Structures are given as C-alpha cells and as structure tokens.
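Form solved without the ligand, single chain, as structure tokens, below.
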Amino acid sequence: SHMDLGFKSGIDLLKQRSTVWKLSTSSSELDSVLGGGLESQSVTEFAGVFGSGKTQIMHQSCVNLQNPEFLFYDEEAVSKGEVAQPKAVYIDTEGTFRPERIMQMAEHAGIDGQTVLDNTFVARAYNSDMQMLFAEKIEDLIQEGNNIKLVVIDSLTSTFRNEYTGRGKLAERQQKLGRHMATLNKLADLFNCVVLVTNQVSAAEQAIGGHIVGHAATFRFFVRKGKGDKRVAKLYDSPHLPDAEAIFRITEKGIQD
C-alpha cells in the first residue's frame, strides 16, 4: 500500500476531502469567513496579542464540540459514528485552561458543562519536549477508544521561545517546530479532526516561528482587539478561501454575533 508509506494519489486527496467536517465558532461572521466553520484535516492558527481572544476561541471550541448541531458535515460521506461522543485534547503551555469558563460558555450554549469537562482532555505542558510529546501521545489516547475530534495547542510557540533565546540555536528550534507542525498535521489528517493552535506576533508584521510554521498551517488568522469587547479576525492565508475580516465579540456568553 502507498497510503502506508505516506503517499496519496491525486485521487486519495480528492476522496479524503469529502470527509472534512467543520466546527462552528459560535460566530456568524467568523463561521462565514471560514466557509462554514473550522475544518477537520487542517491546522488553524489564531495569532495576535495577549488578550485578543485566542484562548477564548479555544475554550469555545471545546464546548461547541459537545453540541452535534454545531458540527457540519456531508451525511453521505461521513458516518454519525465518526463524530460520535467526540472528545477534545487541550495542551496547555502556560496554564490558560479555565474550567469555570467552560461551565460558563456551556450554560449559555445550553450544553451541559459537566459534560464538556468530562469530554475534554487537558495536558499541562511546561516545556517543548512535554508539549511535543503530548501531541504525540494523542495516537495513544485515540487508541484507548477516545474519539479525539478536537485538538488545541495553546500556545504553539510559548515554550520554544522561552527555551531558545539568543540566535545561537534557532536551527534546532526551527527543526523541533517543523517536527511538531508535522505531528499536528499528521493527526488532523489521519484521525480526521480539527487542529487549532494559538500563536503570538512581533515586528514589520508576522506570527512567531517564521515560514516553518506558516507553510505548515492551512488557515491562518490574526486577531486584533477592536473597541472594548469586539474583536476582528483577519484571515490572510487559506488553501483556496478568499482573504476576509470577521468582527465578533467575547462576552460572558462566550463568542458571539
């Protein structure tokens, strides 16, 4: 089998494309910009400054998973069992995971919170090896009979850049990063799930990790803080989709409008 070696026919590609599902962000304009919601079989980067709502979209996504109405798919190309009792893995790199906030967004979504918490796996990663190693251990979690359908890496680069300071080591960091990006892409594809990552920015404008990361994300956003609680999502890279801006808000309800 060629599929076995990591190769895919032009046709395999066309086939695997049918079984993409999309997860709603609780946001009309944001959903619209993505063409329905966040895709399975892709890595999606949300980049921006502390407070731009990256961690928030992450937590919203874990609640939204526990609501089958928020998962859009072709009923013909994807079985209901594919998306059955779906679960999420949340790799927490800086301690951003808020159980309460899960509860809160759930309550407002009418989803049971207790239920979300029970279907969300949380891996507290204190350094890049742990981070990488956790992403790998997702195969084992699936193979434990856990239908992992959502993967969150929050954040993607925090550890790497706390570890590699001083340009005398970039090339290892860039190489680990590429490994990690590879794994992330691996499990989006071969377990048909959505893979979301949060990232930071810098000057004179870019998301951390240079091209290694950019080339390896399918969909890339910037998140800017608009007035008060409104936010803007700038989609600037997409496999086919056009480049657009979604405004939305983060309130006590969670993500809205």
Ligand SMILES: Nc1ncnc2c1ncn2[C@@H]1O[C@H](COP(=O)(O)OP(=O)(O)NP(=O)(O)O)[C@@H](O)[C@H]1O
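We call the rigid core whatever largest set of C-alpha positions still superposes within 1.5 Å between the two forms. Numbering follows the first chain given and starts at 1. Shifts are known only where both forms have a C-alpha. What changes on going to the form deposited with the ligand bound:
- After superposing the rigid core, the C-alpha of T19 moves by less than 2 Å between these two forms.
- In sequence order, there is only one run of at least 3 consecutive residues whose Cα atoms each shift by 2 Å or more between these two forms, relative to the superposed core, and it is 4-16.
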Second form
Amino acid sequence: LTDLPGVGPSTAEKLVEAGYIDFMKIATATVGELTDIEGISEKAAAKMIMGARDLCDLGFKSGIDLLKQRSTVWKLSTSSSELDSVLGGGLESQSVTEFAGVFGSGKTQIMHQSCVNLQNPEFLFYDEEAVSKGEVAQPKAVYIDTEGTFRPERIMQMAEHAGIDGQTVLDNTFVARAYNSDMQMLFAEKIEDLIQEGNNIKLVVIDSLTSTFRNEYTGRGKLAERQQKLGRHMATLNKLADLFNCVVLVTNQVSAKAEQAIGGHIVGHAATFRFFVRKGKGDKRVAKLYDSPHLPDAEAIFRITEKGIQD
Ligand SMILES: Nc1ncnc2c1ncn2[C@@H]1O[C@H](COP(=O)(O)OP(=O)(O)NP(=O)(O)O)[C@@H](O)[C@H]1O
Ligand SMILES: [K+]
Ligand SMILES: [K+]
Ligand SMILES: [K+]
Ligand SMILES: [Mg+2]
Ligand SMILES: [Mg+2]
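Can you give me the structure for the form deposited with the ligand bound, which would complement the form solved without the ligand we have just seen?
Everything in the complex follows now, all chains and molecules, and the chain you saw is the first one.
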C-alpha cells in the first residue's frame, strides 16, 4: 500500500481497516468511497487512485495488447463436450453466465458440477503465458444458495465418478444459505473478505439469482424498486468476476409471458452469456445459448446422470 503516491504507513493502516488492500480495488474506487474513510482527504484519495490505476497500468491499449488482455480469461469445463463447444471453450472467467430454464432442466446440477470440476486442474483451460499456474492454484468456489437446494451428497457423487475426492470439493467450496435478497447481496459483497483471508475464489455461483427478488417485490407497482436492487447486485457480480478473474454463474427461473428468463432488462444487460436449458427425452437436456458478445446462437445436447453432467 505504501507504494501508492500519497499513501504513508498511517494511511495504509486506515485503508486496510476499511478493506482496501488490493491495488485494483483502489484503482477502481471513487474519491467518495475513499473519503468516507478517516483521515483520507479528497486530494489524498485522488492521488492514490491515479497511482493505483498507473501501477496496474489501466490506460489505453491497442494492437497485440488487446489479445493479451483477452488471454487473461480462463475457462471452466462443464463436463459436456457440446456445451463447452457452444461456450467457445468453457465457462468464462471475468464474465457472468446465466443458465435459465424450466424446473428440473438441470440449472442446479450445472452449478454443482462446476464446483466439482473446479477441483480438477485439467478442467481449467488457460494460456500459461497470460495466466500463471499460481493464479489458478488451490482454487475455491462460493455457492450462494438462495433456495436451499445445495446438496453435499450430489457434490460427493459427482466428484467420485470424476475420480475426484468428494470431501476435497466440500473442503474447497464455501456455501452461503441466503433466505432473502438482502442476504444474497451481502454474501456476494463479502466474497472479497474470503479472498482477503487468502482464499483463491475462482468460482461464484448464485442459485437462484432472481427467486428472492421476485418473491419480495411482487406488486408491479414496486417493479422499479426491484430492478434497481437487482441491478446493484449484478454490478457487484460483474465487478467481482473481473477483479478476481473468476467465473460467475447464475441460475434463473422462467415465466410464460415460448418462455423467457425473469429479471427483466437489468438481468439481460448484465449477464454476459445467456442460456435457456430444455428437457429432452429422459435424462437428455438441451442448452441453448441465445446471447453473448462474440459467439453465435447454438444448442448443446447433454445428459444428467448419477455421474452428473456428461457427453
Ligand atoms: N443423483 C442423480 N442421478 C440421476 N439424475 C439426478 C440425480 N440428481 C439429480 N438428478 C436429476 O436432476 C434433475 C433435477 O435437476 P435440478 O438441478 O434440480 O434442476 P433445476 O433446474 O435446478 N430445477 P429448479 O431449481 O426447480 O428450477 C432431477 O429431477 C434428476 O433427473
Ligand atoms: K507512498
Ligand atoms: K423443482
Ligand atoms: K428450485
Ligand atoms: Mg467481465
Ligand atoms: Mg435448481
């Protein structure tokens, strides 16, 4: 912290107490959020922000540097060959990928499978030149369970079939049972603390993303209220994915209104990748990518079995 212009040992102590220890956290802060701290003046706040942006070299980039920035994105396999292909390799870090679909389509299964796959080094695809082995070492997941459907037994079973130690996954996966949108958002905001505590959070799951909000802001005369709160939550999720270079996954429910993911416009804009998961015959499922910034729409066929997601 004292490497930052204007920051002395006293100021550093204040910055850490307020949770600002990472250079990126400071480089992307506002004089306001910084001035809310004790003896941190506006000139001081401003100087350290500029310094941090500088140290993190956050300026104009062109040419090959654009490819290099894009190479810092690593991807997590879904265990499905077709889904990984439709995703352009796998689930992208630094982005929010949404899986929406009818009940039983497998949204929660995908979330569990991802927590298991995170513990298999061979399922994290990345360019060694842009992402070092250390950056993805001892990765951990955060599962924010909004409906109470987290199942340790499923994690174990999926792991065993993958040749992974079930307990190992449980030991490296943090679960937070949120009973409402307030807890849901607060937990998401506290993921920073788990990292500050030395936990390499590389996967964040929000299952479900919208169920709490829909139940709390029913009267369509309070819809604006809902969209606003939901928007702050999405922003927090997007920022955390970028700063901590981890993949963020969210599940969403659907309405008839042939259907559409709930959450309205705010969710549509904030989600980087959007899927619609359908049920085929028996254990067959179909994930339809219908929104992404660089990939074409496509469908991936897979199955949900005792082994989890496969094919
Ligand atoms: N151990 C298992 N063996 C085989 N199939 C399983 C197993 N566990 C779950 N499934 C399948 O997973 C389906 C449910 O998956 P689930 O992830 O809960 O869907 P969902 O989209 O999250 N549902 P919802 O949250 O209500 O909208 C089941 O109905 C089973 O067919
Ligand atoms: K300094
Ligand atoms: K259900
Ligand atoms: K459910
Ligand atoms: Mg991003
Ligand atoms: Mg579910």
